[PDB]
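Generate the whole structure from the sequences, applying the supplied hints.
Chain by chain, the residues run as shown.
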Amino acid sequence: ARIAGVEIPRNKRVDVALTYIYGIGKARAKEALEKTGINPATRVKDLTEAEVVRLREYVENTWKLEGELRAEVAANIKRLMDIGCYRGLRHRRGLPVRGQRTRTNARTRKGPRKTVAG
Amino acid sequence: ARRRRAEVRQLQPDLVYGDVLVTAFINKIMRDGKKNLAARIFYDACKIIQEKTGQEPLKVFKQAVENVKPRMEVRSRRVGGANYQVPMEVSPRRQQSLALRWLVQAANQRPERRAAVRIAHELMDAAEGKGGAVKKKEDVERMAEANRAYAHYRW
Amino acid sequence: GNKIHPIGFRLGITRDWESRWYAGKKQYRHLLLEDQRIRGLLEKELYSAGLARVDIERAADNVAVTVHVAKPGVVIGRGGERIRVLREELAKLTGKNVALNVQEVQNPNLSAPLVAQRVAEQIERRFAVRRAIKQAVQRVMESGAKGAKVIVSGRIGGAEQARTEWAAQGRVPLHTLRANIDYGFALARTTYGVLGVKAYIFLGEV
Amino acid sequence: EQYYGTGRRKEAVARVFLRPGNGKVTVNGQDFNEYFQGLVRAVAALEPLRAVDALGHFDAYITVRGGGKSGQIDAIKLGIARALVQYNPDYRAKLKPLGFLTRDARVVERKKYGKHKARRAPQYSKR
Amino acid sequence: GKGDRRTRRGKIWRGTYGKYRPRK
Amino acid sequence: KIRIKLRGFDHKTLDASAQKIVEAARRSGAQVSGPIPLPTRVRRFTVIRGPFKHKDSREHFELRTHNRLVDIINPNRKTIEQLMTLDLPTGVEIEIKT
Amino acid sequence: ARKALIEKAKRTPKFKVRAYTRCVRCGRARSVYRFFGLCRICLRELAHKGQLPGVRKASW
Amino acid sequence: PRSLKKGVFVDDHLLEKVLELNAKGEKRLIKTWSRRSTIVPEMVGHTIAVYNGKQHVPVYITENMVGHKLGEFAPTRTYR
RNA sequence: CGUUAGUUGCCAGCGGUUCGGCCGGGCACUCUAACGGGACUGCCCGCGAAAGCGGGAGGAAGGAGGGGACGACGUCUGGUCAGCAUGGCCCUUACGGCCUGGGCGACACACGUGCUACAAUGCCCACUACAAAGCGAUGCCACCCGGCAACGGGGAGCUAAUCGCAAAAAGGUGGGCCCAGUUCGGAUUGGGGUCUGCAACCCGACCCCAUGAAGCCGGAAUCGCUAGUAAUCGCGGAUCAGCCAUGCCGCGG
Ligand SMILES: [Mg+2]
Ligand SMILES: [Mg+2]
Ligand SMILES: [Mg+2]
Ligand SMILES: [Mg+2]
Ligand SMILES: [Mg+2]
Ligand SMILES: [Mg+2]
Ligand SMILES: [Mg+2]
Ligand SMILES: [Mg+2]
Ligand SMILES: [Mg+2]
Ligand SMILES: [Mg+2]
Ligand SMILES: [Mg+2]
Ligand SMILES: [Mg+2]
Ligand SMILES: [Mg+2]
Ligand SMILES: [Mg+2]
Ligand SMILES: [Mg+2]
Ligand SMILES: [Mg+2]
Ligand SMILES: [Mg+2]
Ligand SMILES: [Mg+2]
Ligand SMILES: [Mg+2]
Ligand SMILES: [Mg+2]
Ligand SMILES: [Mg+2]
Ligand SMILES: [Mg+2]
Ligand SMILES: [Mg+2]
Ligand SMILES: [Mg+2]
Ligand SMILES: [Mg+2]
Ligand SMILES: [Mg+2]
Ligand SMILES: [Mg+2]
Ligand SMILES: [Mg+2]
Ligand SMILES: [Mg+2]
Ligand SMILES: [Mg+2]
Ligand SMILES: [Mg+2]
Ligand SMILES: [Mg+2]
Ligand SMILES: [Mg+2]
Ligand SMILES: [Mg+2]
Ligand SMILES: [Mg+2]
Ligand SMILES: [Mg+2]
Ligand SMILES: [Zn+2]
Numbered sequence: 002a003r004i005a006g007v008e009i010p011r012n013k014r015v016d017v018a019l020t021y022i023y024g025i026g027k028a029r030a031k032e033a034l035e036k037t038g039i040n041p042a043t044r045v046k047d048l049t050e051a052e053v054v055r056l057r058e059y060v061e062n063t064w065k066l067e068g069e070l071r072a073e074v075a076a077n078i079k080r081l082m083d084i085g086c087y088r089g090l091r092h093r094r095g096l097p098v099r100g101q102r103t104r105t106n107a108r109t110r111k112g113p114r115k116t117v118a119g
Numbered sequence: 002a003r004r005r006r007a008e009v010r011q012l013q014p015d016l017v018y019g020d021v022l023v024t025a026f027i028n029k030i031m032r033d034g035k036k037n038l039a040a041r042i043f044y045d046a047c048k049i050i051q052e053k054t055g056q057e058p059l060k061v062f063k064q065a066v067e068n069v070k071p072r073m074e075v076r077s078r079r080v081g082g083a084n085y086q087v088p089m090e091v092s093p094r095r096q097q098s099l100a101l102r103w104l105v106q107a108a109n110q111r112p113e114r115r116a117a118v119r120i121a122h123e124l125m126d127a128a129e130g131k132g133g134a135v136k137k138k139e140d141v142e143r144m145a146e147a148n149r150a151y152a153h154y155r156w
Numbered sequence: 002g003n004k005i006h007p008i009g010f011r012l013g014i015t016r017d018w019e020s021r022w023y024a025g026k027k028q029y030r031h032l033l034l035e036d037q038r039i040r041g042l043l044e045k046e047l048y049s050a051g052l053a054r055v056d057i058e059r060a061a062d063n064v065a066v067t068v069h070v071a072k073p074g075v076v077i078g079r080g081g082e083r084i085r086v087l088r089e090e091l092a093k094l095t096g097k098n099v100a101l102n103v104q105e106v107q108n109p110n111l112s113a114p115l116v117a118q119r120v121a122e123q124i125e126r127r128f129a130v131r132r133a134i135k136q137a138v139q140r141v142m143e144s145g146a147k148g149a150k151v152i153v154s155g156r157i158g159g160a161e162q163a164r165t166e167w168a169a170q171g172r173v174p175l176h177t178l179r180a181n182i183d184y185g186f187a188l189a190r191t192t193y194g195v196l197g198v199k200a201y202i203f204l205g206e207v
Numbered sequence: 002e003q004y005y006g007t008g009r010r011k012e013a014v015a016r017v018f019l020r021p022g023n024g025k026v027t028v029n030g031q032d033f034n035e036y037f038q039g040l041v042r043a044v045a046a047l048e049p050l051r052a053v054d055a056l057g058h059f060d061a062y063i064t065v066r067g068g069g070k071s072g073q074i075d076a077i078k079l080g081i082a083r084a085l086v087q088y089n090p091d092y093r094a095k096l097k098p099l100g101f102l103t104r105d106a107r108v109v110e111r112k113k114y115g116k117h118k119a120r121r122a123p124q125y126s127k128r
Numbered sequence: 002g003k004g005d006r007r008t009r010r011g012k013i014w015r016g017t018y019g020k021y022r023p024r025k
Numbered sequence: 003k004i005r006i007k008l009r010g011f012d013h014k015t016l017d018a019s020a021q022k023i024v025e026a027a028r029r030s031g032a033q034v035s036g037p038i039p040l041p042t043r044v045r046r047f048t049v050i051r052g053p054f055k056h057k058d059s060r061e062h063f064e065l066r067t068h069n070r071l072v073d074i075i076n077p078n079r080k081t082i083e084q085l086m087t088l089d090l091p092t093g094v095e096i097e098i099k100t
Numbered sequence: 002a003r004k005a006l007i008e009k010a011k012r013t014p015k016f017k018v019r020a021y022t023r024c025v026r027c028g029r030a031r032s033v034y035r036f037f038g039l040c041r042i043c044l045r046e047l048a049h050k051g052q053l054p055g056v057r058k059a060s061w
Numbered sequence: 002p003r004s005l006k007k008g009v010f011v012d013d014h015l016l017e018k019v020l021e022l023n024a025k026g027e028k029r030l031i032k033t034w035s036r037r038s039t040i041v042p043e044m045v046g047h048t049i050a051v052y053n054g055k056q057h058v059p060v061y062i063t064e065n066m067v068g069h070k071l072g073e074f075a076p077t078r079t080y081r
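Protein chains in written order, with the authors' numbering: chain M, 2 to 119; chain G, 2 to 156; chain C, 2 to 207; chain I, 2 to 128; chain U, 2 to 25; chain J, 3 to 100; chain N, 2 to 61; chain S, 2 to 81.
Keep in mind that the hints were calculated from the coordinates and are not lab data. In this text, a Cβ means the ideal position worked out from N, Cα and C, and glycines have one as well. Worth double-checking, as some hints may not be accurate.
To be verified - Listed next, with one range per pair, are the computed distances between beta-carbon atoms:
(1) M/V117 with I/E110: 46 to 52 Å
(2) N/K17 with S/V9: 18 to 24 Å
(3) M/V17 with S/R3: 30 to 36 Å
Put into structure tokens, the structure is as follows:
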């Protein structure tokens with residue numbers, strides 16, 4: 002069962018299977034199950050190729066998705082980086098952007114601990 | 002307890018079996034103050050054990066407990082430098098607490114998915130003489146009689 | 002660093018507030034402010050008269066301030082001269098059109114704030130502090146006063162090192178809130194610095 | 002005709018009205034079990050009637066408000082026992098050894114400044 | 002858990018309202 | 003309908019205040035409903051004991067507003083007669099609503 | 002604090018947001034209870050003096 | 002996630018300055034302490050020295066940067 | 001437990017019912033808040049010279065019933081002249097004073113204190129049930145309407161035992177997940193938007209879409225609590241336009 006750009010969720014509930022798609026979360030999954038009139042609880046394996054083709058129809062071109070998404074986000078970064086934007090400097094130096102504190106607990110954004118002497 | 006004997010708490014009889022040992026076992030199952038959860042766990046496990054085997058779950062609970070009771074353990078005592086593992090008997094009160102605790106901590110090391118499944122199955126195994134609880138008891142009783150050479154340090 | 006305030010301790014029983022009225026969320030702030038300005042200006046003008054307590058009551062826009070003084074003569078003045086000047090000065094600050102009452106104090110040596118003030122006065126003129134202290138405890142002790150205690154803080158006699166002085170008499174049981182201990186604080190300012198003066202008096206039981 | 006007991010446990014009140022009847026119990030306009038039953042300790046509330054074998058003698062109407070349903074249950078135990086004593090005072094000497102007529106004075110200990118929750122102290126290091 | 006702000010319990014942990022925790 | 007809202011920080015001023023009212027209204031009016039007590043509004047304030055920490059030593063004070071209700075039923079004159087201005091208390095405060 | 006910093010009294014703040022509490026008795030900047038208009042310290046001193054009507058020693 | 006919701010805010014100091022500088026042609030470096038303000042499309046092409054607290058930095062304002070605020074290009078801190 | 005008191009309480013009791021204490025009405029009960037009573041080793045057995053100890057009845061409660069408030073002579077040259085006061089020494093087109101802007105939020109690292117977790121005694125969804133204590137007059141904001149929502153418009157009531165915050169959460173019934181870095185976990189990041197505020201780049205909170213990191217019970221070591229305690233669950237307030245509150249101070253399950 003391939004829906005988006007090549008994507009094969011299997012053997013699980015369709016609403017949760019769609020999460021395995023890049024541009025789909027729980028919200029967009031429940032929406033595509035909603036407007037396509039498919040019981041969300043069915044196993045992917047039990048899906049009709051008619052229901053499947055309808056799902057591909059809706060999902061493939063309603064929102065920009067896996068490839069175009071990854072690219073558009075990357076180009077969105079290079080956008081604020083190419084300009085002298087501050088946010089761009091934070092993305093350059095691999096630091097938190099949202100206005101967090103860096104004096105401790107920057108571990109997710111930056112280079113898990115690299116210790117020096119004292 | 003530096004001043005007094007620190008008298009034992011008197012538990013309330015079980016709402017179902019009118020039995021106190023059951024209430025204590027429920028208490029050891031209960032976590033984060035959820036006694037209703039713990040009780041439903043225990044009793045659903047009583048259905049499991051009473052169906053998969055045609056005997057009264059009461060007698061199996063008592064027997065399973067009874068087979069985990071250790072009669073001897075080991076305690077460190079600081080003697081002339083590094084201390085020693087010193088065997089001695091186990092208070093009946095302490096046999097109680099240890100056997101129930103071991104039963105619960107063993108049941109949760111079981112592969113079974115639901116709680117009452119583990120509880121029932123561990124109760125059955127321990128009542129038949131097998132199961133992890135009876136192995137903690139057999140290992141502790143192996144700690145005594147091994148360091149038996151220090152039976153003069155009784156204290 | 003122990004021993005919390007005795008008057009603050011006893012506000013419930015065997016002590017009454019120096020301000021007794023009622024107010025809401027919108028009122029209490031500036032009424033308390035007004036009380037503070039009152040006690041301020043009175044402490045300015047009446048220090049020579051020996052004032053101990055100023056009681057501020059309010060029913061509705063009326064002010065029943067009662068001053069407790071050792072020598073009411075200084076308060077009133079000759080034929081009511083000063084009680085005109087400063088009592089009009091009072092209603093100039095607060096537009097309450099506020100009245101005023103004067104009350105004598107029998108045995109100024111029995112009012113803890115007054116005793117503290119007298120001792121601090123002696124300190125600002127540089128008298129021997131242990132004499133001033135034991136003498137004050139006699140003035141208190143020689144009249145009623147089932148207990149009495151006096152504390153003077155550091156820089157005794159202008160000494161380089163701060164010190165703490167002493168000599169209570171009778172029984173001053175701060176720990177029991179039964180028997181109406183009185184407390185008063187005074188401040189002696191001198192060339193060598195600042196000096197705290199604490200006065201405990203013990204009177205009555207139940 | 003009718004007998005009454007108040008009962009109280011841990012910030013909760015439950016007025017117990019006993020009358021001779023089938024044995025059916027009403028709470029707050031809900032069946033006894035429609036209020037409880039999902040709660041295992043429920044039956045404990047009725048332990049006063051089993052000590053004197055007063056099961057099928059009395060119907061009861063209860064008014065329970067305050068606290069949580071467990072303390073409510075204990076309040077009901079006490080109320081049933083208080084009415085049960087006013088009915089026949091000779092039940093005192095039967096109900097007393099079980100202590101069903103004793104009030105449980107244990108209440109939530111007050112939160113104290115400096116501590117986290119009234120006993121639990123914030124942890125420290127010394128280094 | 003109480004950390005997911007788009008679950009009911011994360012909402013009640015922050016004491017806030019949204020799509021995943023309405024009012025009535 | 004004659005409502006008398008009694009409010010005060012001192013609970014003895016409120017009682018010494020209300021009792022005189024009832025004794026002035028019972029000589030004239032119907033059976034007054036009663037001095038019905040209303041619950042107490044308690045504002046608490048917690049403050050660190052010293053300046054410049056020693057955070058963990060705070061002491062708190064509480065200011066308690068006490069409330070009382072009167073409700074004279076059918077008074078005409080000899081009630082209001084003794085009620086113009088006869089009260090002693092100071093820290094008490096009274097509102098009237100009709 | 003400083004006398005100049007009691008310019009809040011003369012606020013005319015030019016923006017409503019620049020108004021701050023400023024305990025009156027001691028000129029405290031930081032911790033100022035709004036119901037008494039005093040700071041925590043001055044509140045403690047005036048409460049122990051007994052110059053705050055209705056304010057008792059909290060105990061329960 | 003950035004929000005002014007309506008009436009996109011730009012301080013009046015430089016607004017009446019740049020709009021008048023448009024009528025007379027592109028002008029040289031300008032002085033700005035007000036980075037509070039957003040950027041509007043009629044700033045494109047100018048050169049604005051923004052304050053960081055210490056110095057004035059010259060900023061060439063381009064088409065791609067109309068949505069941001071001044072001082073996004075005039076950072077405050079100096080590290081390494 | 002009682003006395004006083006009844007616009008919170010009540011088919012306990014009957015009357016009416018748009019079956020909601022709604023009305024009539026009543027204070028009995030629950031409660032609210034003032035005054036009281038009650039526990040004293042007073043009673044019994046035993047030990048003892050005594051004080052007292054053990055046990056027992058009665059009792060709501062016993063040997064300090066439970067929790068507070070309360071911290072002696074002094075110690076540490078303890079903490080703070082940056083809350084206030086203050087001696088002395090300095091500064092006085094300046095150490096003072098106004099403003100705008102930035103900083104107190106910096107990040108290659110280390111420790112402290114906490115939060116949320118690593119899950120099936122769990123997670124999610126629907127439904128439904130039981131608290132105490134507090135705050136509110138331009139504030140609390142029922143309710144209608146728009147909006148997935150934050151929220152906006154409108155607009156009732158409440159100087160508040162009468163109105164509102166308000167939904168308590170765990171729990172209960174029903175259903176989904178099936179041991180997997182997942183329907184665990186919510187970090188990081190893009191994109192869109194509400195609000196307070198003159199103004200959210202440095203530097204706010206909140207909402208919606210998408211992204212879904214580390215983490216699968218923690219080395220040496222180390223902390224808390226002896227009973228409504230630990231553990232766990234939510235609720236409130238202080239300061240404050242707003243908020244970086246997971247803090248603090250309370251509250252009950
Ligand atoms: Mg008095
Ligand atoms: Mg001297
Ligand atoms: Mg006294
Ligand atoms: Mg006496
Ligand atoms: Mg009858
Ligand atoms: Mg708790
Ligand atoms: Mg409590
Ligand atoms: Mg989640
Ligand atoms: Mg602190
Ligand atoms: Mg100064
Ligand atoms: Mg401000
Ligand atoms: Mg009573
Ligand atoms: Mg009433
Ligand atoms: Mg009834
Ligand atoms: Mg003898
Ligand atoms: Mg005894
Ligand atoms: Mg006894
Ligand atoms: Mg006893
Ligand atoms: Mg005590
Ligand atoms: Mg006591
Ligand atoms: Mg004492
Ligand atoms: Mg030093
Ligand atoms: Mg010192
Ligand atoms: Mg800092
Ligand atoms: Mg709608
Ligand atoms: Mg009402
Ligand atoms: Mg009312
Ligand atoms: Mg009222
Ligand atoms: Mg289920
Ligand atoms: Mg996931
Ligand atoms: Mg990993
Ligand atoms: Mg796992
Ligand atoms: Mg202890
Ligand atoms: Mg706030
Ligand atoms: Mg932050
Ligand atoms: Mg909070
Ligand atoms: Zn102050």
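Hints, one by one, checked against the model:
About 48 Å separates the C-beta atoms of M/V117 and I/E110, a value consistent with the hinted range of 46 to 52 Å. Between N/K17 and S/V9 the Cβ separation comes to about 22 Å, which falls inside the hinted range of 18 to 24 Å. The given range of 30 to 36 Å is respected by M/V17 and S/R3, whose C-beta atoms sit roughly 33 Å from each other.
No hint from the list above goes unmet by this structure.
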